[PDB]
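Position chain F relative to chain A; hints supplied.
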Amino acid sequence: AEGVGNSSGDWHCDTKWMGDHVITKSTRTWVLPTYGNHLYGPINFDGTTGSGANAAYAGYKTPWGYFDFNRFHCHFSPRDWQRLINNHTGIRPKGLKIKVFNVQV
Amino acid sequence: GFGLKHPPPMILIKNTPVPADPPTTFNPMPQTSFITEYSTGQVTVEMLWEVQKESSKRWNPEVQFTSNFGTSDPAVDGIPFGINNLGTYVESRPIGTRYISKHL
Numbered sequence: 206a207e208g209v210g211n212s213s214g215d216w217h218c219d220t221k222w223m224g225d226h227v228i229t230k231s232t233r234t235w236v237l238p239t240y241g242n243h244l245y246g247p248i249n250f251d252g253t254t255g256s257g258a259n260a261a262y263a264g265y266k267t268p269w270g271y272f273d274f275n276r277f278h279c280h281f282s283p284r285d286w287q288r289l290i291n292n293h294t295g296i297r298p299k300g301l302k303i304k305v306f307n308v309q310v
Numbered sequence: 623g624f625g626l627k628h629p630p631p632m633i634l635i636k637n638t639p640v641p642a643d644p645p646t647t648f649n650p651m652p653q654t655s656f657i658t659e660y661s662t663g664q665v666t667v668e669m670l671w672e673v674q675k676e677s678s679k680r681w682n683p684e685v686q687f688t689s690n691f692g693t694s695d696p697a698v699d700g701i702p703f704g705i706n707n708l709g710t711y712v713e714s715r716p717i718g719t720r721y722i723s724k725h726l
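These protein sequences, in sequence, are chains A and F. Heads up, PDB author numbering is the position in the first sequence plus 205, with the first residue counted as 1. Heads up, PDB author numbering is the position in the second sequence plus 622, with the first residue counted as 1.
Next up, chain A with everything else stripped away, as it sits in the complex:
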């Protein structure tokens, strides 16, 4: 919304142990290339050669790209992980917020 000069957000990284629940927060920088020259291809591998007939597949490619944040070591640090597993006997996720900003092309 705001103009070129102002910044659209600020860095946040912390983990605070409030009680029976804990909140982790982190920020990283990404880079997005232009894939496939903005074209959908089909892709396939027939089982004629190489690996074998068990390796066959068929599908499409897309210019789009996506964030995969699903692993544990994204959200914890080896210290904070230690702090978790020695004291606490269980954990489950509750909710999450995600925000992307400071885009520049």
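Heads up, a few of these hints could be off.
As the list claims (entries may be wrong) - Simulated pairs of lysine-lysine, BS3-like, Cα-Cα distance not exceeding 25 Å:
1. A:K230 with F:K724
2. F:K675 with A:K230
3. F:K724 with A:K221
4. A:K230 with F:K679
5. F:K724 with F:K675
6. A:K221 with F:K679
Because the hints were derived from the structure by calculation, they are not lab data.
Just chain F now, with coordinates in the frame of chain A:
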């Protein structure tokens, strides 16, 4: 430990004397003959402690106190920090309080 001007007071106890049968006639001397006895009972102690929990931002994992003993034969020593074969309680190794690294 903690140096104190006024420490917890010292609690003393004794079991009052019961004299053995006196002679018939009056003897002004004090009485040295007593009935042998002992006492027993329970005592409880309730402490209130104040601790500090901390937040340190170092990345890599700290050292902590863990039990590394490989194995123990119950026929002899039993579990470390546990009653051995003969019924005595044994304290394996000394334990200090400084395991957390914190920079000067």
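Against the structure, the hints come out as follows:
For the hint pairing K230 (chain A) with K724 (chain F), the CA-to-CA distance comes to about 24 Å; that is within 25 Å, so the pair holds. Note on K675 (chain F) and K230 (chain A): the hinted pairing holds, with a Cα-Cα distance of about 21 Å set against a maximum of 25 Å. With a CA separation close to 19 Å, the supplied pair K724 (chain F) and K221 (chain A) stays within the 25 Å bound. The hinted pair formed by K230 (chain A) and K679 (chain F) meets the criterion: a straight-line CA distance of about 14 Å does not exceed 25 Å.
As the CA atoms of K724 (chain F) and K675 (chain F) are separated by approximately 13 Å, the hinted pair is consistent with the 25 Å bound. Distance check on the hinted pair: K221 (chain A) and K679 (chain F) sit about 11 Å apart at the alpha-carbon level, within 25 Å; holds.
The structure meets every hint from the earlier list without exception.
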